[PDB]
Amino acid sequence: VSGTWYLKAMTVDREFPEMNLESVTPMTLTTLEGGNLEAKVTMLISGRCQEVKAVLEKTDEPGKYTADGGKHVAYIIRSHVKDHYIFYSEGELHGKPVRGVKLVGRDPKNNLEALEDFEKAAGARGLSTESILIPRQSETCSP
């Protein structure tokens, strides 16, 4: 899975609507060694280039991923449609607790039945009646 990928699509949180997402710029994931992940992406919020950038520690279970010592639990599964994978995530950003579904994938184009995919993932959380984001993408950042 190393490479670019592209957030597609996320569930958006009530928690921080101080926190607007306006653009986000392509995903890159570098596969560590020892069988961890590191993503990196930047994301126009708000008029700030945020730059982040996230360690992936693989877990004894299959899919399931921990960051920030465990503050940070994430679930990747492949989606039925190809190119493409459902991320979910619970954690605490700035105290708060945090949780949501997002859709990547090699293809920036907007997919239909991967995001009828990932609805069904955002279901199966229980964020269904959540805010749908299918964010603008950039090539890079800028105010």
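Residue numbers count along the first chain shown, from 1. Under this definition, the rigid core comprises the largest set of C-alpha atoms superposing within 1.5 Å between the forms. Compared with the form deposited in another entry:
- Of the residues listed here (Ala67, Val52, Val81, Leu115), only one shifts its CA by 2 angstroms or more between the two forms after fitting on the rigid core, and it is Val52.
- With a cut-off of 2 Å and the rigid core superposed, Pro26 has a Cα displacement that reaches or exceeds the cut-off between the two forms.
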The other form holds:
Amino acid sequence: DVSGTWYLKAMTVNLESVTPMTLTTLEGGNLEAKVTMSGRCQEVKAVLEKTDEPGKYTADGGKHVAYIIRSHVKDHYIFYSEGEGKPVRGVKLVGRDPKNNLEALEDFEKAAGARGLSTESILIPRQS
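Please could you give me the other form, the form deposited in another entry, since above is the form deposited in one PDB entry?
Here you get just the chain by itself.
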């Protein structure tokens, strides 16, 4: 399932790069996404609303759409999101291990090229 704590391994190219993110399934199929982030150290939570289409969720009042895409590598997923002052979109590779082993990058690369993002720069976190 997609619930768990997910650590960012690679992203196409701040705020967007906060890691890890924890996803909890809510009654009805929606998900809560939560991270910890001028001031105090604080948890920040948001609901991803399930749609009628498998793997597709919406957020921020419908202005954000997130797709959860399977990886061939166990305990990894790819997240593809489209959002908005200008329109923005990007692909993230995530996994359950805190250590970044960069062993699922082929699928990240393929997901990006399938969506017209094959020339964007990639950001690789080393630490949370």
